Structures are given as structure tokens and as C-alpha cells.
Amino acid sequence: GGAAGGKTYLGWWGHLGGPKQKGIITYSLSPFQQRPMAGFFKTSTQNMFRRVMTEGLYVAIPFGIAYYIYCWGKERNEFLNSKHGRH
Amino acid sequence: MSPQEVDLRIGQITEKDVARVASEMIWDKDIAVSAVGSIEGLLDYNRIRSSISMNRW
Ligand SMILES: CCCCCCCCCCCCCCCC(=O)OC[C@H](COP(=O)(O)OCCN)OC(=O)CCCCCCCCCCCCCCC
Numbered sequence: 002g003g004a005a006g007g008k009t010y011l012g013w014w015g016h017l018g019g020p021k022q023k024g025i026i027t028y029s030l031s032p033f034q035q036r037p038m039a040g041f042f043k044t045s046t047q048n049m050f051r052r053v054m055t056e057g058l059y060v061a062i063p064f065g066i067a068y069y070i071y072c073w074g075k076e077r078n079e080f081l082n083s084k085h086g087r088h
Numbered sequence: 401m402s403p404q405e406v407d408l409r410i411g412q413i414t415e416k417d418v419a420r421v422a423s424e425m426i427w428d429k430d431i432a433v434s435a436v437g438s439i440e441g442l443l444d445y446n447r448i449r450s451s452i453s454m455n456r457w
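The listed protein sequences derive, respectively, from chains S and L. So for the first sequence, the entry's author numbering puts the first residue at 2; every next one is plus one. So for the second sequence, the entry's author numbering puts the first residue at 401; every next one is plus one.
No lab work stands behind these hints, which were simulated from the structure alone. Treat the hints loosely; a few may be bogus.
Heads up, simulated DMTMM-like pairs for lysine to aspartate or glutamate below, C-alpha to C-alpha not over 20 Å straight-line [unchecked claim]:
| # | chain 1 | residue 1 | chain 2 | residue 2 |
| --- | --- | --- | --- | --- |
| 1 | S | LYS23 | L | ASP428 |
| 2 | L | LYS429 | L | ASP417 |
| 3 | L | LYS429 | L | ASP444 |
| 4 | S | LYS21 | L | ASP417 |
| 5 | S | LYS23 | L | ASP417 |
| 6 | L | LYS416 | L | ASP428 |
Partial pick of chain L residues on the chain S-facing surface, computed with a CB cut under 8 Å [what the hints assert, rightly or not]:
| # | residue |
| --- | --- |
| 7 | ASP417 |
| 8 | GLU440 |
| 9 | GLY441 |
| 10 | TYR445 |
| 11 | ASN446 |
Residues of chain S placed beyond 10 Å of chain L at every Cβ, according to the derived structure [claimed, not checked]:
| # | residue |
| --- | --- |
| 12 | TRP14 |
| 13 | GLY15 |
| 14 | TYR71 |
Ideal Cβ placement from N, Cα and C applies to all residues, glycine included.
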């Protein structure tokens with residue numbers, strides 16, 4: 002094959018092009034030994050509460066302002082083309 | 401155990417006993433692995449386990 006390909010930043014398994022690692026022990030269990038639906042509700046509720054309390058206003062402010070100007074624009078546009086608006 | 405007893409116990413073994421033991425112990429059962437060194441190319445647990453049970457049969 003060969004063909005002398007170019008330069009990338011991914012590689013493949015075995016040589017992923019990353020810095021050399023040392024002294025990183027990792028443990029994991031088997032899917033048949035662990036239990037799904039264990040601590041899901043508690044952790045999910047805590048994460049959702051933290052995310053709502055943390056991000057929050059970032060979304061709350063622009064959407065609220067946009068909705069307010071939407072309502073005001075609809076009301077004013079309906080008023081102006083009515084009888085009393087044109088006068 | 402005397403060598404006569406060992407010979408008798410080994411003689412009883414047939415291919416069907418091997419098949420039964422391999423089906424009740426090896427065929428699609430949990431494994432415990434342990435790796436040391438440069439193991440970047442060693443895939444994760446589920447992909448490793450998937451190879452212990454052939455799908456053709
Ligand atoms: C395009 C799809 C439209 C139709 C959708 C309906 C399809 C019906 C599928 C039925 C559920 C899957 C049962 C298999 C469970 C299983 O056997 O999992 C085993 C395998 C591997 O696990 P393992 O052997 O290593 O486990 C080891 C055990 N010790 O997992 C899978 O291969 C997952 C395959 C799920 C189906 C593929 C879905 C992704 C395709 C869409 C995304 C790409 C879109 C491309 C454009 C179309």
C-alpha cells in the first residue's frame with residue numbers, strides 16, 4: 002500500500018499521537034456485575050438542580066426580554082391600526 | 401494418588417466431557433483481565449468480552 006499519506010492528529014489504535022503516560026491505574030467492573038438504575042434518580046436530580054442554578058440567567062434573560070418585546074409589539078400593532086389608534 | 405489412579409482418571413476423558421466443560425465454563429462467561437505496559441492498543445472491556453462467544457453457531 003504505502004502511498005505516503007500526509008500529516009494528521011489522530012493516528013489509530015496503538016499509536017494515537019498523545020503524550021507519554023505513566024502511573025495511571027484504572028479500575029472498572031463488568032456490565033453483568035454492576036446494576037443499572039442504581040443511583041440514577043438522585044444523581045440526575047442533583048445534576049439538573051445544579052445546572053439550573055448555575056447556567057440559569059444566561060438563558061433566562063435574553064428569552065424573557067425577547068418575549069416582552071414580542072408581546073408589546075403585538076399589542077401596539079393591534080392598537081395602532083384600530084379605530085382610536087389612527088384617530 | 402498413585403500413577404495407576406492418575407492414568408485411570410485421565411483415560412476416562414472423552415471429547416464430549418471437554419465440550420460440556422467448555423460450554424459450562426468458557427462459553428460466554430465473565431472474565432477478569434489485567435494489563436501492564438504499553439496497552440494503548442488494547443480495546444475496552446466489552447469488545448474484549450464479545451470475542452469469547454462465537455456468533456456463527
Ligand atoms: C438505521 C437503523 C434504523 C432501524 C432501527 C431499528 C434497528 C433494530 C436494532 C435492534 C436493536 C439492536 C439489537 C442489537 C443488540 C446487540 O446485540 O448488541 C451487540 C452489539 C455489539 O455489542 P457486543 O457484541 O460487543 O456485546 C458484548 C456482550 N458480551 O451492539 C451493536 O451492534 C449495536 C447495534 C445497534 C443497531 C445499530 C444502530 C446504529 C445505526 C444508526 C446509526 C448510523 C446511521 C447510519 C445511517 C442509517
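Against the structure, the hints:
Taking the CA atoms of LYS23 (chain S) and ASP428 (chain L), the gap is about 33 Å. The hint is violated against a cut of 20 Å. This hinted pair checks out: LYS429 (chain L) and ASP417 (chain L) have alpha carbons roughly 18 Å apart, not beyond 20 Å. Under the criterion of a C-alpha separation no larger than 20 Å, the hint pairing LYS429 (chain L) with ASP444 (chain L) is consistent with the structure, at around 16 Å. For the given pair, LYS21 (chain S) sits about 48 Å from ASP417 (chain L) by alpha-carbon distance, which is inconsistent with the 20 Å threshold.
Of the supplied pair hints, the one linking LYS23 (chain S) and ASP417 (chain L) is violated, its CA atoms being roughly 46 Å apart against a limit of 20 Å. Of the pairs offered as hints, the one joining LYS416 (chain L) and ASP428 (chain L) holds, with about 18 Å between alpha carbons and a cut-off of 20 Å not exceeded. Because the closest C-beta pair between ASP417 (chain L) and chain S is about 27 Å apart, greater than 8 Å, the hint is violated. With a cut of 8 Å, the hint placing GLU440 (chain L) at the interface with chain S holds, because the nearest CB-to-CB distance is about 6 Å.
Annotation: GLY441 (chain L) was flagged as interfacial toward chain S, and the flag holds, the nearest CB pair being 3 Å apart, inside 8 Å. For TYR445 (chain L), the interface hint holds, since its Cβ comes within 8 Å of a Cβ in chain S; the closest pair sits about 6 Å apart. At its closest, the beta carbon of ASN446 (chain L) sits 7 Å from a beta carbon of chain S; the interface hint therefore holds under the 8 Å criterion. Its beta-carbon lying about 5 Å from the closest one in chain L, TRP14 (chain S) breaks the requirement of being farther than 10 Å from that chain.
For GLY15 (chain S), the condition that its CB be more than 10 Å from all CB atoms of chain L is violated, with the nearest at approximately 3 Å. With 10 Å as the threshold on Cβ separation, the claim that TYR71 (chain S) sits away from chain L holds: the shortest Cβ distance comes to roughly 50 Å.
Checked against the numbered hints above, the structure violates hints 1, 4, 5, 7, 12 and 13; every other hint is satisfied.
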